[PDB]
Each structure stands twice: as C-alpha cells, then as structure tokens.
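K.L.:
The primary structure of each chain is shown beneath.
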Amino acid sequence: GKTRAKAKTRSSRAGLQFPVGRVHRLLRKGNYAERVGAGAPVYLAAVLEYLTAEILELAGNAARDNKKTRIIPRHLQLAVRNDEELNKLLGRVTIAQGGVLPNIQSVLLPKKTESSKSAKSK
Amino acid sequence: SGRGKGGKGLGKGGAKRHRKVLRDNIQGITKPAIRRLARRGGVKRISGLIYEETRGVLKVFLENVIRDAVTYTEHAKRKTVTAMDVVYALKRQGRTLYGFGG
Amino acid sequence: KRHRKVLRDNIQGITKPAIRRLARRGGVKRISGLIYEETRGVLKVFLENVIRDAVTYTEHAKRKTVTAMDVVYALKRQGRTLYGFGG
Amino acid sequence: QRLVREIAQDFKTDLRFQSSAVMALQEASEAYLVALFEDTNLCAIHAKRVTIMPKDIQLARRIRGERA
Amino acid sequence: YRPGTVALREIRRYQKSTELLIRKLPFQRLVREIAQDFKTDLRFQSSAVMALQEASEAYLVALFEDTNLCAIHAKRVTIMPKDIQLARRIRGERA
Amino acid sequence: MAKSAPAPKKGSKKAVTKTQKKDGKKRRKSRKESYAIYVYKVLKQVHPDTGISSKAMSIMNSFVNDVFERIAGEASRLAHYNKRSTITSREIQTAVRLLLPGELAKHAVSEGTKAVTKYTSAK
DNA sequence: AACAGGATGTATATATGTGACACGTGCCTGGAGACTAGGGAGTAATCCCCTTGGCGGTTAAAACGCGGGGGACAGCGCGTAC
DNA sequence: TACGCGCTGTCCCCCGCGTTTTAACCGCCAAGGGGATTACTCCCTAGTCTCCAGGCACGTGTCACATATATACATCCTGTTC
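Residue numbers (the authors' numbering), protein chains in the order written: chain Ae, 2966 to 3087; chain a7, 2282 to 2383; chain 4, 2310 to 2396; chain g, 2205 to 2272; chain s, 2072 to 2166; chain U, 1838 to 1960.
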C-alpha cells in the first residue's frame, strides 16, 4: 500500500495506542453481535485509553505522596477510593493487596478527659 | 517423569506418602487473625461470641465460593483449580477479583 | 419563555399518610417526623438512577414513548427486577 | 405521573410516557421503599427502640449499599 | 497503654499497611478440608489458595466495617452477636 | 526466504528435540493476551518518572479485560433490546452512560467520539 | 502547674537480590492488499393506532390543628467481661 | 489482672398517633384530532470469500544492570499516668 494503511496501523489512524485490532477480535470471540462495524473496536479502546491513563495518573500522584516511585497495589486502591465517581464505576470488587483507606469514626477517640465527667474519680 | 498410576489420587502411596483426617481447621483463624480484620474496619473491641461467629461467617463464605468453582472444575475435567475457576466463582457472587488472574 | 414553574417539586405528591402507609407495609409502630423529608430524597435518588437508564434506552431506540420494556431493562441491572410488564 | 415526567424532563426534554410504564416505575419504587422499611426496622430493635429515624435509614442503606 | 485507645493505634497501622492478616497454611488446610466433602482428592494450586484468602479477607473486612456502624447506631462501641445478624440479613445474605 | 506458507507443521515447536546449535525450544505456550505494554505506554505519558510493579499490572490487566467485558456485555444486551444486528460506535455511545456515571461518561464519550471521528476522514 | 519514662517514627548513608531491560536469533500469526460478490441498512410512499385535551359527574383520599399517652435521649452506677 | 463498658432503673421532654373539620383533588365517562410507530418497495456502501504477501511481536538463549527492602548510626514526636 503506497498510500493505504500499511505504514499506519488501525490504532495509529485513530490516534490511540491500545491494540484496537485485538479488541476487534474479542468482539468476534465473545459473540457479542452478529456483525461488528469499524466504530465499535476503536471506541472501546478509546474508553479504555482514558480510563487507563486517568487511573494511573491519580495513582501516580499517590506514589509521590507515599514517597515511592513504582506504583504498588496500595496506590491503585487509593486512586479509586479517593475519587467518588470512580467508586460508582468500581468498588464492589476486591483489589489484590489494595488495602483500605483510613475511615476512623468519631465515636472512638475520647477527646474529652478520660476522668469522669462529674469528678476526677473514675 | 511418570513412574506409576494415580487414578483417583494418592499415586505411589504405599508407606511413602502422608495424609491426615483434618477434622476441624476453622479454628486456625484465632483471635489475632480476627482482630486484624476488625482493625481494618475500625473496630475498638470484639466480643467473645463474635470470634466463633467470624469463623462461621468465613465457613459459609468459603462454602458458597467453592461450590461455584467446583462446578467449573468438573467441566474442564481438571483435578485442581489454577486461577480462573476461583475468579469465575467470585465474579458470579459479586466478589470479582482484580489481579492474581485474568 | 424559559421562565416556567420551578419551585419545590411534585415529590410533595408523596403524602404524609402515603409515607406512613408505605411504612405500614413493613413492620413499624412509630416513625420520626424527618422520615417524610427523608423519603423524598431517597425516592428521588432511586428514581434518577433508574430513569436515566430508561431515557438512554428510549434514545437508543430512536423513540420518544417510554415503554414498559425500557423500564425493566433499567431495573434489572441494579436489582428490583419487576416481573411483569414485559413481553 | 407528574413527578416521573419532570425527573426525565430535568435531564432530557420532549419525553413521552405510557400508563403501563408509569405503573412499572411506581411498583418498583414502592417495593424498594417497602423492603427498606423492614430492613430499617431491624436496625431499630438493635438500638432497643421501635422508632424509624434518619439514623436508622442512613444505616440501613449503607450496609446494603446504595451510598457508594 | 489503655487497652481501649491502643486498639486505635492498631487501626492506623493495619489500615496503612498492606499484608495478609490470616495465616496462609491454616487457611490452605481449611479450604482443602471443605473441598474433600464436596469432592474427594480435589487439588489446589498456590494461586487459587491466595486468591480465596484475599477475597475472604476483603469480605470479612467489609462485614467488620458494616458491623462497626451498627454499634454506633445502638449508642455502643463493641460488636455484639446482634450486630452480625443485622448486617448480614440487611445485605440479603442470611435471609 | 522462499515461502513457508504451505504448513505441514502448525503445532510445531519442540517434539523430539532434534536441534543443531542452540536447542532453545519448548511446547507451544498458549498466547496470553495482556494489555501490559499498552498500560505502561499511557503511564509514561501522564507521569514519565514513575515506573510500575508486576503486581500492579496483574490488577490492571484484569481491570481492562473486565471493563471491556462489561461494556461489550452491556452493549450486547442493548443489541438485543432492539432488533439491530450490527453494533457500531452509537451502540456503545449509549452504553457508556449506563455504566460510566457523571464526568466519566463525558470523558469516555468525548474521547470515543473523537477517536471514531479521527479514525475516518483520513487515508 | 507540667516533668519522667520506653518505644515508635524520623533522617542519612549503607548492603543485597530480584525485577527489569537489552541484545541476537527464529518463527507463526496476526494485520494488509485488492477485487468479485450477496445481503443489512439509507431513503420514498402507506396506514392505521397512539397520546393531548375537551368535558362533565360524585366520591374517597389528603391537609391541618388539638389531645392526652408514651417512647427515645440522656443522667448516674455497680459488677461483668475483654 | 485490671478498668472500659455492657446492662438495669428512672423519668426529662418531645413527639407519633387518634379524633374531628373540610371541601377541593383524584378520579372515570363518551368522542374527536395531529403525530408517530410498523408493513411494503428501491437502491446503496461497509465487510466479507478470493488468494497472496511481508512485518510485528511472542518466546528460547545470553549479558548485564537498577530500585525495593530492609540494616547501622543518630535523633526526635506521640501516647497515656501519676
């Protein structure tokens, strides 16, 4: 292809870096529909591309706050939990080694003096 | 390097293999194991009856998950669950797992 | 002519006896006065999630009449699947 | 009927409705609240009371979900 | 070191730290015990046991989180057997 | 190198270990399709000096696979609500709203609509 | 009115391995090319049914303030339970 | 072994519920229309068998590294008592 898509792949044509073509095979593999157009696989990658970048971007900020360079499963949970919109998308799931965000309740921490309210004697 | 027949299981048993009845093992989840889980939630104190109930809750949860994974296991005819039957069992029960598989 | 009736809502159509009657369907003998205000918020939150999906189904079908099938499709995703009004 | 029409209109305008669809919207919402009241009652007895309060309502939802 | 307030210190550490709280092999022999009744001589891989353990740990943590809010609802702090009954049934699990 | 298209060897790989110099062969391993390369690519874009851990990729590889399954699965269900036999960008444009709420739908649709728009109007 | 005590959380330089990448070869499979070919969709007329309101005629569900019973909130307290 | 904290006992005090007004609001009866959702007919541009070709990208050897994970020095903040 002198002017056709030999040089430019399907993913690069739409500006994406995700496989796109592998997704197109997945629709046929999963038998989601009898016929699949060209718009479907590229669109699915586009949702993944922004979701892939945004979650890593939010997690990447946690690594700097955590005094670490490489992203660990702890930061993946932190990025998801911090964003309330991400909670609706996912959060009824289990993340391997994700950890739990601090959720201390106000019923604990007896800020008032541990001595009795009436007098010093317990 | 095949050196015998296993069939149902316990290949080349004789007197070289070892096995135990394993009557009760839910007691392995003791006070420190339950307390650590409670600390993640934010619990201050835990009652005595909760420790046995926590074991009971774990027993029911494991029983529900395994029966789903066992069904997929016989379909593939494998004698062991590797990574996916647990994931598929967790997916169907609303406990979908990310990582360790898929 | 943007100016139209926008003040409070039709959620007040959920009357005080109706909220009590809904509680009477469950096992109650006394409900606080803030439940009536709470039911308005809870009903709106549940309705917004369900109706938004139903609107998407109507838009996808290029229709404008909300059919019973569009309603059950919205419900079955998040539970409370309404048996009936389908097929 | 007026309530459901405005909720849909708040996000997308020019929407039609059917009586059967309206009944479906009402039945699902009513049963959702009806099941909540029985679920909320179990919180009241745990607090040694029979009243239903937003404290009971918020707790009843939170354990079941619908708030995250 | 007051026992009530020291538990708060554990909460900060355990929530911050990421690790497997329950023992591995006691859980590994536990899941094997259940499998024998369901299917005799049913083998497990290393990955399967860890996946079951992590899912079980997260499930128990979520229950502890919910039961903790049941205690403050009853104007209490500690978890009683009544707390686990309310949390499980309201989720649609017990009944 | 001439043509090896006529294939009496499809499984191929190593069967008897009849080798000349380097040995270097095993049984044909099943192709485990993973998004590891592509996840790391966008990670460099948002934050170049971060890196990644192996356990993080395992979680994220499952996340991408499951998210696609949910989007494609919901689109398939929507493809049965109406009698359309073909799924295009519109079928998923409506599918994003049901699962991705709030700003996630806006970001997904805007990126998706731009991607399909720039997918065409080229070449 | 405020200091002591022992361990946990800090900096700062200090060791290691496993996790990671880079070569160098090797070989299908996944994309790409380029027409012939039959079947789901764009696009025109047809046709009845669906929703919007006239348009009155009783009737069962709201809307609201007062009354007297009682149940949730809250105070302390001695002994049980973690 | 010890005190933090269930549980009992008790009535502030603040309401959920019962009993009456109160007639306006929900509601169904007998018919039309304008707009919109399926049958019926025509023609059209992607993917889809032909029927071949070459490049990416996945393993198997071969070398050779970089940050995570905890250690030696050195030194402060927090929590819980007297």
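Source of the hints: derived by calculation from the structure; they are not laboratory data. Be aware that one or more of the hints could be misleading.
With beta-carbon atoms standing in for the labels, derived distance ranges [what the hints assert, rightly or not]:
id: 1; chain 1: s; residue 1: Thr2076; chain 2: Ae; residue 2: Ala3084; range: 20 to 26 Å
id: 2; chain 1: 4; residue 1: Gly2342; chain 2: U; residue 2: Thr1923; range: 27 to 33 Å
id: 3; chain 1: Ae; residue 1: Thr2974; chain 2: g; residue 2: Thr2217; range: 41 to 47 Å
id: 4; chain 1: Ae; residue 1: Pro3067; chain 2: a7; residue 2: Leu2330; range: 27 to 33 Å
Just so it is clear, CB atoms sit at the ideal spot from N, CA and C, and this is done for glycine as well.
K.L.:
May I ask you to test the hint 41 to 47 Å on the CB atoms belonging to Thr2974 (chain Ae) and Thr2217 (chain g)?
P.N.:
holds (42 Å)
K.L.:
Evaluate the given range 27 to 33 Å for the C-beta pair formed by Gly2342 (chain 4) and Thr1923 (chain U).
P.N.:
violated (56 Å)
K.L.:
Given the hint of 20 to 26 Å, is the C-beta distance from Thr2076 (chain s) to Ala3084 (chain Ae) inside that range or not?
P.N.:
21 Å Cβ-Cβ, so the 20 to 26 Å window holds.
K.L.:
Mind checking the hinted window 27 to 33 Å against the Cβ distance between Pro3067 (chain Ae) and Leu2330 (chain a7)?
P.N.:
Taking Cβ atoms as reference, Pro3067 (chain Ae) and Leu2330 (chain a7) lie about 28 Å apart, which means the hint holds.
Hint 2 from the list above is the single one not met by this structure.
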